[PDB]
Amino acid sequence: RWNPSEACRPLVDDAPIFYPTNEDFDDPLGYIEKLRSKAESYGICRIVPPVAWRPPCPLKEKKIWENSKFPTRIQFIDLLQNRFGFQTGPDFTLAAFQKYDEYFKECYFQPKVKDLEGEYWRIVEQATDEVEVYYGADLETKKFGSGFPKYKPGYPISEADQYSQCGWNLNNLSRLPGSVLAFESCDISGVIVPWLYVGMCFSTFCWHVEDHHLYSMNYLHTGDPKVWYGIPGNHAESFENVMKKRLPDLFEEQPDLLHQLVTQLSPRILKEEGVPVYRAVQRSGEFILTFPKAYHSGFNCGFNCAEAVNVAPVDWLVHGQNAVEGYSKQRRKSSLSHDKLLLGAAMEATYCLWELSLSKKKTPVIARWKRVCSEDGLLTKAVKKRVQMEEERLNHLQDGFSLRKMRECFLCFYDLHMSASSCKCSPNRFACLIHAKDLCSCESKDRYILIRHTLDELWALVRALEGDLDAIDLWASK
């Protein structure tokens, strides 16, 4: 079934590859921050851990490897570009799935990475026959278990414990100090608690971008390589347009195709249309880093098991803001509360400044928070921007609206953590301040607004980030 004479490998330049020291790996967020200047213009990058950094994998224990079940879905590789969703497949264990991957490869190819790539794109672009494969995607590490070790009390000291404490352990990455996801109490699947992906030959994750345009970190625990293609964030729009222009219209039946994640488009076609694409080959024991609003896709070269999680350093905030605004225009539901995270970061920073006031010990965390909140600080800019948005929206209404001190918009599903407009007629139903008028049609006397913080309190927060001790004192008490 393999036809190497008609291979269709695209000519894609390689994404950058990094080799961090041990010291570099002692501080994940700082290293990511430094990687930004070098690799954000690419969209993705490959990260090779220092020599001998390789955590044990609990999934390999036979109680899980042989007996733990996960569902799969069916992908028709020949239909990914030229033609809908991935149908239910059979249940698998890791052992069974590895076995079937072996069977499949031997039948199919009677093979190095580039051969596999050429054949994959041959199937996608110009299919001679139908090719179906199974994919175990978005598996929740809570039920099944994580690929990373966890600390277990009552055991002798081992390297496993050290790995379980590590910041590059994807179970710990999301809520590290410096990542605003730490201010979300719920263990959101995928976003804060890592997802597991079990792949076989040709298993595909189509073109997509992360929810809220977050950072994405992926670790390949075991198995065959995974081929990645990535688009720079600043070209996202371009990509989108090309998708509308090179598959016209697989955007008719479903204006919402981009977010369905069932469509593949060759990097060849993207390059002919002027969209820069970069390539990475992820092998077991390696990381793939994905930047805000950076489209990515790819496929597996055989049986493997990967883990993925989100992270949100302060420099993401801007993007994040944009994202939810976009969602509001798209009438799409959010996966998290942005204002909650922003406010959380602001209050944490304010607390650190307040601690500096009392001449308490200066810690690396306190330092990091301080360097992002002055007049020029990124956090301060984010908060100030948000507050300005609130002021403008508030000004547009409250003609008799009335206010009450303290949830999605009924119309655009905007998260209402900060403020929510409602009426007497319809309690338990809310609108964002943009669509406050669209809620009811009642007279102003019956309208009103739930508000978490008065406007002067918010401006006080902005001032506190800029270093006013009275404002700092005020917000430290919250």
Given for the second form:
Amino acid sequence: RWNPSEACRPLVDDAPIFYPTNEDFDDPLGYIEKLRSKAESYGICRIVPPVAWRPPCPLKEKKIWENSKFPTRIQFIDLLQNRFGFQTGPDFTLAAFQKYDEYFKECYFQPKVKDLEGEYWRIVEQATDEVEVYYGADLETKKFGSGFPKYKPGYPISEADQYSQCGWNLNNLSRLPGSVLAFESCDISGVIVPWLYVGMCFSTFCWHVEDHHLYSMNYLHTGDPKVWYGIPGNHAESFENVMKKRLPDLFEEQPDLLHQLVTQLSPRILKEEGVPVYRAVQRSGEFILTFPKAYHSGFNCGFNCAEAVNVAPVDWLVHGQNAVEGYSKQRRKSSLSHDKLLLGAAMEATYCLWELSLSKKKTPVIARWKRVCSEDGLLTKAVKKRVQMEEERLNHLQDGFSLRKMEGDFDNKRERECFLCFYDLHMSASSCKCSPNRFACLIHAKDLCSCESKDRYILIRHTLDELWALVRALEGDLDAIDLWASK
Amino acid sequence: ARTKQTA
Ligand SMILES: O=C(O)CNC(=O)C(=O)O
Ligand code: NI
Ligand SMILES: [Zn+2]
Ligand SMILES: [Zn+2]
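Next up, the form solved in complex with its partner chain. The previous block was the form deposited without its partner chain.
Expanding to the full complex; the earlier chain stays at the top.
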């Protein structure tokens, strides 16, 4: 079935490879920050942990390895580009799936990374035969278990425990201080709680971008290499355009195709269309970091098991903004409450500034938060933009509307979204006497009803004065700092 | 419920 004489390996520039020191590795977010300036223009990068950093995989317990059942979905590789979704495949265990992968590669190739690459793209671009594989993707680790260890109180001290509390343990990365995802109380699946990816040969994850343009960290626990292709975030649009240009009929059929994660396009074609693509080979025991709005794709060289999770340093806050705004224009539903994260971050930073005002002891956390807030600070800039947006949106409301101050438990329990935008309304909501428990964003308050303003009101979580007070507090306004440290 | 995307 293999045909190496017709291989179509795409000759693509390598994504940068980093070799963090133990020092660097003690501070995940800091290290990611230093990485930013060096690899953000590449979209993705490969991170090799310091020597002998190899956390034990609990999935290798044969109690889980041979018994824990997980679902798979069927991928027709020859259909990924030229031609729709993935259909329900048979249940597997890690043992079973590894055995079938061995069987598959034995049948298909009777095999190094570039051979598998050339053959894969051979199948995708040109289509001799139907090739059908399975992927156990997007498996909940809270259901299945994590590839990382957890703390067990009653048992002897072990390196496993140290790994369990390590920051690069993907169960711990999302809510590290410096990541605004910490301010989301719900253990959002995939975004905050890591997801598992069990692979076989040719197993694909098609072109896509993280939800809310978040950072993505992917650890390969065990098995064969995972090949990655990444696009820089600042070329995202370009990429998209090329898709529209090179798969016209598929986009005539599905204008929302990109968000469906079932379409693959070769890096060769992308290079010939002027889109910068960068290659990375993730081997067992290594990390792959995806930057905000960095389109990425790739496949598996054989049986493996990966674990991915989102992370959101302060620098992400400007992208995460655009995203939700974009979502509003796409009228697509979100995965998280952005304003909750922004406001949460601002509140924590204000708390730290308040502590410094009391000449409290400066901790590393306090330092990290102070460092990103002042009239030059990224957090300050983000909050400032959001507040400006708020004031313009309110300014554009015609006079009539009443104000009711939103009670704090307004987003707890229930996600509240603009009926038209699906814009998250954690900060502001508009309504009328026509529609209790039915709201719009400040931009679409107009479109909610036909009623006159007498009946129109707006739930506000914070008055405009209070918001501007927050911006001033980040810039050192002690009174404002006192104000927001109380909330 | 609250979730990441799936193909
Ligand atoms: O590995 C996979 O199957 C897909 N991974 C991701 O999309 C990721 O880590 O962000
Ligand atoms: Ni991804
Ligand atoms: Zn709206
Ligand atoms: Zn009305």
